[PDB]
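Every protein chain of the complex appears in place save one, which is left out.
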Amino acid sequence: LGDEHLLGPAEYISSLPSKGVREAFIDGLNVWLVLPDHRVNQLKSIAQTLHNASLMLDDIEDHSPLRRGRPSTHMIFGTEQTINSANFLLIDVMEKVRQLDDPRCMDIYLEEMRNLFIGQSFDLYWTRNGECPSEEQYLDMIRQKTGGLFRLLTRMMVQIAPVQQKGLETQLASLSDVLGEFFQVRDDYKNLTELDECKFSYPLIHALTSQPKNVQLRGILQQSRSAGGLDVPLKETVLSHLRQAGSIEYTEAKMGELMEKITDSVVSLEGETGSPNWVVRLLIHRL
Amino acid sequence: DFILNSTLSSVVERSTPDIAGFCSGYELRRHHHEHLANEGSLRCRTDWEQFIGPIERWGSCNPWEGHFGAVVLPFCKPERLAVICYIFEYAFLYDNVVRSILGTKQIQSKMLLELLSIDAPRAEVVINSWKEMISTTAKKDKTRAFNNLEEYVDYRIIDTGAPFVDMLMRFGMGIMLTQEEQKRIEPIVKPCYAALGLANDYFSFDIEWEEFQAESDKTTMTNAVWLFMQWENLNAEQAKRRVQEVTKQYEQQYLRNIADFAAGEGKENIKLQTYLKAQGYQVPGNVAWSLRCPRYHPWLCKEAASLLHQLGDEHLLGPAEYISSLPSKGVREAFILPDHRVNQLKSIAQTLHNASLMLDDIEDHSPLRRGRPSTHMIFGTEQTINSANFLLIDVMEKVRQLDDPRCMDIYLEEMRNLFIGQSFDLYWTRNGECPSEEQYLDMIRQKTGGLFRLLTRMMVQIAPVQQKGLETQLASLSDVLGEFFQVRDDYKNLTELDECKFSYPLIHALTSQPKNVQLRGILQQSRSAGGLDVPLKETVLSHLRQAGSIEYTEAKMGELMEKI
Amino acid sequence: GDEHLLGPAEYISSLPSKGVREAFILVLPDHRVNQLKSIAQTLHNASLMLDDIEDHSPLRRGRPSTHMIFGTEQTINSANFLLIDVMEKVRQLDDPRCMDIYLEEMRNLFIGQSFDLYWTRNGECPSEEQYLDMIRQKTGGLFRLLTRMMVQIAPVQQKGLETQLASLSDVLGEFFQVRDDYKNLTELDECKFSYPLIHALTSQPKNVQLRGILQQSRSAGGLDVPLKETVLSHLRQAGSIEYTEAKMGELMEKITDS
Amino acid sequence: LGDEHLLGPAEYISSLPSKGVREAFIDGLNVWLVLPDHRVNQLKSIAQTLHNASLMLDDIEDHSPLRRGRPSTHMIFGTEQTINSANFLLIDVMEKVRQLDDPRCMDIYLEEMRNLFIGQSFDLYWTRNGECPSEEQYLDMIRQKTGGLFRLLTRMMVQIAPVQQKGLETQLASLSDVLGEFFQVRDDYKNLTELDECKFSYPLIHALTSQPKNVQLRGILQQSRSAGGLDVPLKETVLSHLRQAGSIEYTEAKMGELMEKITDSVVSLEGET
Amino acid sequence: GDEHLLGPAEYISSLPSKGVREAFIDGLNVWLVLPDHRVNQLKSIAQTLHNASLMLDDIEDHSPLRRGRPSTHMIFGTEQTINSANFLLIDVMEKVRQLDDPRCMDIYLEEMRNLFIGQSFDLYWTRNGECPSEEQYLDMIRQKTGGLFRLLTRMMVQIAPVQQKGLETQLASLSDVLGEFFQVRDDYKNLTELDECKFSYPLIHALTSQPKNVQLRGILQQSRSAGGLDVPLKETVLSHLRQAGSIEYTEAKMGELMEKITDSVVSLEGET
Partner (left out) sequence: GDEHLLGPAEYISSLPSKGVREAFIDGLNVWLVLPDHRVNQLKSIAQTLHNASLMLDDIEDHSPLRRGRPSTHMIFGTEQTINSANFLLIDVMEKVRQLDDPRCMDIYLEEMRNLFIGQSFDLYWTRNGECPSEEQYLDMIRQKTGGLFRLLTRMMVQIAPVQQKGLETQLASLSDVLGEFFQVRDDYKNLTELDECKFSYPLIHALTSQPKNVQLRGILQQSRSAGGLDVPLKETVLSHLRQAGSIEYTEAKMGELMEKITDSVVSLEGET
């Protein structure tokens, strides 16, 4: 009895195409924080493992048969094996945080994993019960769910960073939160403009709030919940109801405001530190 | 939109049909905005010094004949030119070497931002050809020996970056082309890349040979002159004429090549005609620049500079309190020093057991626990999984409150063993595989004896010194006790299947009788349908009683108790 | 012919019945009373025929339901013709003002049933006022219809007492529904809200166990026995079985007063 | 309290594309029966509401996910809500026939609705229990199920017709009956030449009657009933079985005869007027 | 390896039986008087054929249980059970040739052809929901159920020592009547003392006498739609059947068949 059947689901999701947002975020924060390549690689490994475990778990709780155009992990190893592997990967990550040689890096891990799980709990509750949240309740959840890994990486980086640069944490954390919000709203737009699992999104809440009497949209959102999915004509009908409440332009306004905030925070940090980053300005032009 | 604009550059007159014995029949042009080209290269020189270090080897500037991209890319648009020449200067110094990592990534991103801000689709093509070149150069042995010219040429096509420069020309031309035409043109353009590469070998040889004779650690070189040494051993200057001729064949090779396309679509396909005609313009530019570039002749470098100078946890702690409220028969607390330490260890054991039970009920599809409904029937499957994932993190903090550095590692290693055991159990349950007796007994030493070993190894660490040797004995006792619990649970469930779980009696039944098809068929029916009904369960028990596998189990229970 | 149209209607009219509607049925001549009893009978039969389909109930009075002997579609068609036949029956009563009474009361009944069906399907819990207004139309609509039709064809005199009798009918229907809520859990398979359930979910805004069990019931087609007992325990702890008996007493008090 | 959940399925199907046959029929009848515009609009509303209710109900009892390329009413609101809204539209129309200022218009409504329900009941029986009707039996079912609305509109249109014109009653009833038969034979022919719910048709009865020993067709007609629907390869086999028996030519001949009757009736009616 | 082939064939043999075929074989041996080894051979043939028929019938009716114990296709699967049932016919081909008579083969093949025709009509009426007439139903169960008895008796008359051969038509008639009686008995017992939509003798009478009973016809179709009926609907069917005298019309058939059996047996003693 040694290994395999445990790391197998973990290795399958690692050998898959990936954009590399979090690794580039770490490498762009290193320009401001200046860390040895050893520590940067360790943090990158931590981030990679965490993201892989998150994707493993989120694919099971979306009934998604495919990922990146390739079969998901639970369609090759079973749901129970994937759950076991994703459970182990959190123990494996805490073996890496301890190798960063700091007692204060464990408290950060154990205090932001709490926030990640709290956000995902509300997401799952809303999805299962079919209860529409408010805009505040939805924006505070995605700031604690999609912007939790970024906050982990930030607050750990500004802890191993050689003394001096510790007053940058507040701005560097506001940047992480606004980036998480931007990344969630961007995906929400991309899926819609260019609900089968009954996942709420920023466009949908505006539609269900502005029109408290649209009995047609709420009927399709229940047909999806009962039948288990929306076929193409019903998806077209839903996408059409969102182009009459102005829910594809409200999202654009939010996206523009968020990007303005990101640009302003980057400029403030670049005026406080020195020469242009040029590495956080490229992950922005790629949105 | 597919016609080359001749007003952007003017033809350069030459008195001889060839250029130093090269490029007969080619016509040379020089761009009309050389003032823009020099700006980009000087920017890279300033930035490279700021971010990386000082330079010495000169680059692409040549004051007498003109800029590299000027003579090599004579039809580039004026608005795209400065960025184009910026990349060329980078390519020169990057090849040389191949805070430092910061400057390298900052500069790799300053220019890769200019490219993607100008033309998103075509800049998407160029970066792969770059990535392909840097990957291929590093992944190819520089000590590799080349047996023939054809073998070397295939290496040299990607080494000198002729496709990379080709991608650059398309970006400077606004020419976008599909995949289908690409398969048409590789044999057409293949001689051109050889001509470009060999000329670079021929002209750069003198300084490279000087670098050779300076560098005594040299393996086989990537160089036509030096590699022709192996095949037709002779004098370098005489070889230069030989190198002159073999390249000169390629000078007219691609020149003629076109015919192939011209015959096919070189009379109607204007887009490829202009593309393959511009590709013909590359060969003369390289030699004209390479006649007198500072990149090969360091002695004019001083002279060259002279002229050039002018909300809440209510849905997270929802399944974690329901499973902690159902009736319990606690045997782990009984297995468990100061009072508060014992209470902390009992809390840890309780939380770990609750998480294990929550996960176990899902992977058994059991709708009932202690007569009461299961956790995933009150809170769903996904929420229970999410809470079972935070229970580990919650236990993780409780361990740290038992202040000791070494209680951390014990927890991590013990949980690794638990997960390995559970993974083997799950693999055997799903992929219809009957384990051996040794494999089954070793699996239950980790999946079931893991918690006991964890608690014991923590309490021996927390305990006030005194007890020294009571580590091996207690651990062995914990392993045998977990085995006894698992075998007992296997015995109780049968004498006084619905999820296809292998038990201790069942393994004996399937092993002692290698030919019993009824038991295996009923097991497969359980696998397929989902569970077994009462008559089939009675059939299974009858088979087990006939096989004498129920008294084989009681021998294990009595023997395990004797060890305890 | 008419064998495949009158089939389900004949079958549902042969099952044993409580006959409260006929007992409910002003000095009127006998033939008018028989006519009104026939109207009430066929209307209740159509209501039961449609309700059995919208609740997936295999059994009615222990005996099989109509849609398990004739099919869903034929039962629906027979119910529609049952409404048409009630229309024909009211016509034979020969009174021009009963026409509007019947149409208005039918509209109210359909509104009430529409709200009930929307709440059941979409998993939206109404408030106390909304629930107590829906059951004044879905269940008290028949009593109000019969009372308003009975008053009009009564010899003069009894004409100013229409309001009193209508209030009595509404409160009576409310009493029947609140009783049927009590004697259904103190003695969910279709995720039907009730008075105790509304009290439980309103008084406790953070009880996630009850809401989770209800959601499990929704995407299962019904609850099995242990979870039903869990729901009963939650209601009995919340004090909703006793909050219902206060409504039942208050309604009976108003019945006595009215 | 409100109407948003009652008049939601009714309004959804009333915002869909339509052909307008039932309204062009009223417009065409208005020539021989000169009528005020207000009454014509009332009757058009009546016909539209009845057609909408019929379409709403015949989509639940056909397990049809889509209608005119757009999602059906029961896939947006639910089966029970659609049924509840459809049984209310019968009451709503019953208030509109009452606004035509004629006691006799209610009897016509109450009789033709009975005939429509009888026809639909027989069709539902033959669909549920896979019992093949005779050609005559099928031709009497569709003279009520489909021609019922036309007859209903016609007989409630010669009643408000200003005096004089009452003699053109039987002729128009025959015209409506032939129109109802034709509009169903045409739909069967279009559906075939250009069974998923196991519905009989005029071409499919001739095949089962002329060939009493065709065991292949009678088993493909049962696979659809059992599984729930036929695949394309089985549909091709059914079409090939029907083509060899000459059923399509029989359908074309019936269509031709029906159109001859329609033109004869029209020429006679314009002759009288 | 004859282990995944003979497997299902031994499970169905291990199960308890009633031994009606063996008793029938013993029954006609007093009149036909033939040696013991041939009797054992014939009994083995009959046992194998009956086992194959039961194995195939259990699959074609979705019966999880048989004799209280689980069916063969719930221990070995459907495909292996079909394979073993198909091999049992080939095994019976081997068994018949050892009887040392060329005509036994022709008799066997003809009887199996009749048996398969009867079973085919049964399956067609079950799947398509077509109610047979009384004549068609009695013709079918005369071949499907009386086929084995006719096979055995026609082989017995051939094997038996010379002399008695004119008593072959009488015994064939006896076998047909006995099979008919057995099938009607099974129908009556299953009714008084159609989860797979089976047409029985009592049900045909009810469906013929009352050509307008929509309730029974709708319950029969719900059976098809749901693949079985629950207890209340079965009670409804039983009530419908005893309001048309379909239980009292079956006892008359049983009594007439028993009278015919008694007369045939008596006549079979006056020539012997």
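Order of writing sets the chain letters: A, B, C, D and E. Residues in each chain are counted from 1.
The working rule: contacts are C-beta pairs under 8 Å (C-beta built on N, C-alpha and C of every residue); 3 or more make two chains touch, one makes a residue touch a chain.
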Per the touch definition above, residue among A:34, A:66, A:253 or A:267 touching the missing chain: A:66
Residue of E:5, E:238 or E:247 touching the missing chain in the full complex: E:5
Contact partner of the left-out chain, one of A:5, A:206 or A:254: A:5
Footprint left on subunit E by the chain that the document does not show: 1-2, 4-5, 56, 59-60, 77-80, 82-87, 89-90, 93-94, 97, 105, 109, 112-113, 116-117, 119-121, 123-124, 127
Those residues of subunit B which, in the complete complex, touch the missing chain: 430-432, 520, 524
Missing-chain contacts mapped onto subunit D: 213, 215-216, 219-220, 222-223, 231, 233-234, 237
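As a working rule, only the chains that are shown with their structure count from here on.
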Mean-CA-position distance for subunit C and subunit A (Å): 49
Where subunit B and subunit D are represented by their mean Cα positions, the distance between them in whole Å: 64
Distance from subunit E to subunit B - Cα centre to Cα centre, in angstrom: 69
Subunit D: positions in contact with at least two other chains: 5, 78, 128
